[PDB]
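A.B. asks: We have chain R; now place chains V and X with the ligand onto it with these hints.
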Amino acid sequence: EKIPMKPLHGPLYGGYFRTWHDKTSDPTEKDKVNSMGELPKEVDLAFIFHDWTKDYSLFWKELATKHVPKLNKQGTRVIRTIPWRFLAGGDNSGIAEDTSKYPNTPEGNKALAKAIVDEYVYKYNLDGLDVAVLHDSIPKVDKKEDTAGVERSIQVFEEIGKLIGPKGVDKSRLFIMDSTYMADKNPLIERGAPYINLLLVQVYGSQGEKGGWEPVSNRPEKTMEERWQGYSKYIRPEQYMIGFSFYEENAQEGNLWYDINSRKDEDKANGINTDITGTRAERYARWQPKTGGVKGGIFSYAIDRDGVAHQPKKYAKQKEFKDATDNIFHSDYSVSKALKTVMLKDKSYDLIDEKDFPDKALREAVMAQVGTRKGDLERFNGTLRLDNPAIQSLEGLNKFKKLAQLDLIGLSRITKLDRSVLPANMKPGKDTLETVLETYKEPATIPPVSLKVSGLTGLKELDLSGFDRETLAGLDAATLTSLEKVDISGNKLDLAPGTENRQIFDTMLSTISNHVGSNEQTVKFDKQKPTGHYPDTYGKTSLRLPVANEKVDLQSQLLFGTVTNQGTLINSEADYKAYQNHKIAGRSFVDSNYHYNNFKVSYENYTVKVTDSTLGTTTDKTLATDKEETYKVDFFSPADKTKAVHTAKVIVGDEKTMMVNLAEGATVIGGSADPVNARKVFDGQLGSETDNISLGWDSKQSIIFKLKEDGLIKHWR
Amino acid sequence: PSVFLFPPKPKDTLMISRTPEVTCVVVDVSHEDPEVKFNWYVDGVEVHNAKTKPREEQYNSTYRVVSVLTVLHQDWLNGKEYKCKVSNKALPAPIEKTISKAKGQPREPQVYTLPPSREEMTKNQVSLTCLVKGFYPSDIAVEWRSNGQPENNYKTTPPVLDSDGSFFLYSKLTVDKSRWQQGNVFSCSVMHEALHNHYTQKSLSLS
Amino acid sequence: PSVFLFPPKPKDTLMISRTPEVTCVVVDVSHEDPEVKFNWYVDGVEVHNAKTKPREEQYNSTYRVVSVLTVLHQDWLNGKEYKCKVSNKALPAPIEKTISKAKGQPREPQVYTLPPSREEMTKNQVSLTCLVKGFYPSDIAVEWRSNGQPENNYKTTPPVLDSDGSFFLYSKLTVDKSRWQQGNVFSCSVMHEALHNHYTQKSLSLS
Ligand SMILES: *[C@@H]1O[C@H](CO[C@@H]2O[C@@H](C)[C@@H](O)[C@@H](O)[C@@H]2O)[C@@H](O[C@@H]2O[C@H](CO)[C@@H](O[C@@H]3O[C@H](CO[C@H]4O[C@H](CO)[C@@H](O)[C@H](O)[C@@H]4O[C@@H]4O[C@H](CO)[C@@H](O)[C@H](O)[C@H]4NC(C)=O)[C@@H](O)[C@H](O[C@H]4O[C@H](CO)[C@@H](O)[C@H](O)[C@@H]4O[C@@H]4O[C@H](CO)[C@@H](O)[C@H](O)[C@H]4NC(C)=O)[C@@H]3O)[C@H](O)[C@H]2NC(C)=O)[C@H](O)[C@H]1NC(C)=O
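For the record, the sequence lines run as chains R, V and X. So the first sequence is numbered by the working numbering: it starts at 1 and just counts up by one. So the second sequence is numbered by the working numbering: it starts at 1 and just counts up by one. So the third sequence is numbered by the working numbering: it starts at 1 and just counts up by one.
Okay, chain R solo, but in the shape it has when bound:
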């Protein structure tokens, strides 16, 4: 019966064995000399990819009796691969064809879930189920995509997950899903994320490795990284598994990936290439995500074609070509075993030990939240909660290279805090990891870790020097009772009166004076370099000038301001010189090097639109004031040209009331011009670069129209 087997551990290697290449699949076909029992111990998962093989083939007897126990003995699980449409569909849906037996109801899908599992998993005493969510296997009705069928499969997938998998009664059997779709595109990932053990993305060829191309962007899309990136939200990284493909015999265009090494045109006789060097599979074996954690492993397709060389690219055009590779060979599964050992050689799959985290409560908290690998520390970019109070030493937090957030909650026993016992990304930095995939022809920026320190009663020292911290948010100073030393020098902190940082600093400083006084040795907070941002809104919304023969720079006059991350508006250089002289303990915090010019944000590249009283637009900062006029000056960011950041009201001389276009919204009621394009001369906008506002065909065209409102017309344009 169900043989006991050790759980899934380390890097895995999958392999879809094609049934019709088995020797017992069809005795008439004598060329098939392979067997599914010959799969070695290196192969963790052995998927049963069934087609062509007959319904009542001799393979099914050989599978359940001879193969499954042999594989389970050595340590290899057997999994059945059903398509998407077996869960819900009509066209070739196997079990779901009989809709009268298994209806589309709450109870009906629960009966179908059992029927699927029993027929596929438990029938031959297999060790898991696999669902292939592809466009090739998508639920169709009369060779047309079915909307209700896809919505049914989702619900069925949940019910099957209640039977087998992690959240099932029978957890011995695996529940797997394989997908060419991406996370955002595939709809089952959201619903059946907890219900699966492994996800098997199929990314054959350079289209998978390098990613497709976006012509409008002229940049790569759906890359290997971007593929995972979406799935990272839904599943853990150790569940993820990538797929390559071996050469299928007499393969045609649209199914030639050239993953494993091709045949040499010289070597006409030889059609075997067990060498794995310079292959896509070998690179896939070595590939690890840049964030989140290490992958679960890789898998092959048509593992029965292990070691078989790929048909050259030259002969890819000619359909009827009998190459040496198109012959069938008795594979000894050298590549599978080689690629497995390559993944074992990977050092990231080394477990976390006392070397990394001496403290047990920390080491257990990390294992629960983050992961159980050394590589996970280099990658993981999520929250890490250290709420457990019984924690002595935070040694080896520097192992975390890309941690997103760190919560220190109720950790009284902690005393000192410095770069040693904190993440590496306390300060900013670029990506240190290196990819092992091919590409076309810049390392990613690592966000500084968010630090919430609250409830640490027995915390004494606190060093955050040279970390370039933007704020002091998170530091609950009221709970830090036993505080004595502090160091926040060489950061980008706005420590001005009234700021949240100063409130935290003052609450901290009052604790320092009590215990060991306040001085240069205990307290440090010098040489700050606060980040200068753009303000949300602006105050200077008007400007009355004379009718002088002079020119004025509207930008400098109207558009100015450099807010901080806390919220201190520095408008002029004088305001900064005042800011520089925020003396705390008889010395300023701001660096002397960090002048106003280094802090100031540039308002170059900002566009401007000067609408005069007769709605006459002009895009020039240098406004002449020689003529009497009233203006509405709108400013726009280099990013967003449509939405104005600020609007002003310049009035050279006596104010004139701003006119309004009475034609805008005019009811066209005649003229030779086309009524459609006639309305678009009163639309309000000019039009898109590639619009069409041709009034008519003839050179002369007329428009008869009525105004929207009554008024006194003083001007037209």
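Take the hints with a grain of salt, since some may be wrong.
[Unchecked claim] Calculated Cβ distances over 12 Å to all of chain V for the following chain R residues:
hint	residue
1	4
2	69
3	332
4	350
5	395
6	597
[As the list claims (entries may be wrong)] Straight-line C-alpha distance at most 25 Å; calculated BS3-like pairs for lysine-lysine:
hint	chain 1	residue 1	chain 2	residue 2
7	V	53	R	210
8	R	529	R	452
9	X	89	R	322
10	X	37	X	97
Everything labelled a hint here was simulated from the structure, so no lab data went into it. The C-beta atom is built at its ideal place from N, Cα and C for all residues, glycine as well.
C.D. replies: Positioned in the frame of chain R, the structure of chains V and X with the ligand alone reads:
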């Protein structure tokens, strides 16, 4: 890499409310170097108002980079040479393709509506015909409409080359016999560059 | 080298007196090695009764080796797969092309003759129409004849796909108004596999 420049729809070029497009498809694009830079000219006047269409969901095999260009009606009808210069890194030098309107003396389409056959009156449905002959060039569009409301169930034959040199075509409007016998109006709406406002109608009803 | 297998003329396959041909053109043939060996199969049954056509005038540049095969009518109408296996020395392995009759339930062509339009009666010439609809497959042939004598000046539109799934087409016979008003007979002679003797006529005259 192969280039395939295509002309605008006749209906689009003969109606100013609609927007005509000169599509430039590129098939068998290099998988290694998939960068494609399109350059668009109109009698030498290079325009930069094109729009590369998003990569459609072809399964595998060959990249197919489309590039559309919105064009002025007058420019097409005047017969300006729209040139699509494709530029690929794999390609040693750019592939150019040029297209223009059919060059020849335009001719007015004589539009004629024919009623259902005397034999077809026995059937529960009937076929209203619209002959359109003696026109040039082949760029033409035809539409039916019953009592103002645009018709659904009709089909138009391709422009066929006539003996004299002009083209011709028919358009079959399949309707129920009820609406014919009751006495509705059905109007064949031909559209050709050699018409008043590129438009003309011929009504058809029972007698 | 590119191969282009072509079906027989509809008129040839629907008349036993005429002889149908399955042409297999080969273009862009190697200038270096111009030897082309055609192999002809009919559901595997290799036939050896083909005839390589002489090199037509041609305007240099690229060799175009045509190969004709005379076929039995019944074999075509039954829908046997005619396969043209081209073999060139430059070509690494032979290019095969296969063709057969359209697979689906045949349907009878409803033939209807329509007289000239009421408006066209003002013109010195008139257009006699012949609607042919509701037929499948597209393999069809149409001819006019006035008082027995085969007509010269007429044109037939390609088979156009109808809404239901069948095809249809029109045929325009341009004649003088004199012969129409005088009261001659003109007969639209449709020919389709789903007819009696693959043949049917509909006469047309003044009333
Ligand atoms: C585009 O590429 C993708 C793959 O790439 C992926 O997507 C792209 C976009 C990128 O993102 C990549 O990075 C990414 O990796 C293609 O998807 C693959 O397509 C190939 C075929 O081109 C498939 O291989 C074939 O698989 C069929 C199996 O078909 C079953 O399984 C399908 C998947 O579940 C399912 O959709 C089918 O409906 C079918 O399902 C079965 O249905 C029956 C009946 O209901 C049921 O009983 C079964 O239980 C059920 N089984 C399953 C598992 O669902 C297989 O049959 C094919 O074998 C033929 O072709 C081989 C060569 O490719 C050849 O070696 C074999 O010998 C065999 O050839 C036939 O042999 C018989 C004799 O036995 C002979 O009589 C025939 O004449 C002969 N036929 C031919 C044509 O030679 C083959 O193995 C992949 O499985 C599939 N990928 C995956 C992961 O499944 C996509 O199709 C490509 N599209 C285009 C347009 O190019």
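A.B. asks: Where does the structure disagree with the numbered hints, that is, which hint numbers, in rising order?
C.D. replies: Violated hints: none at all, because every hint is consistent with the structure.
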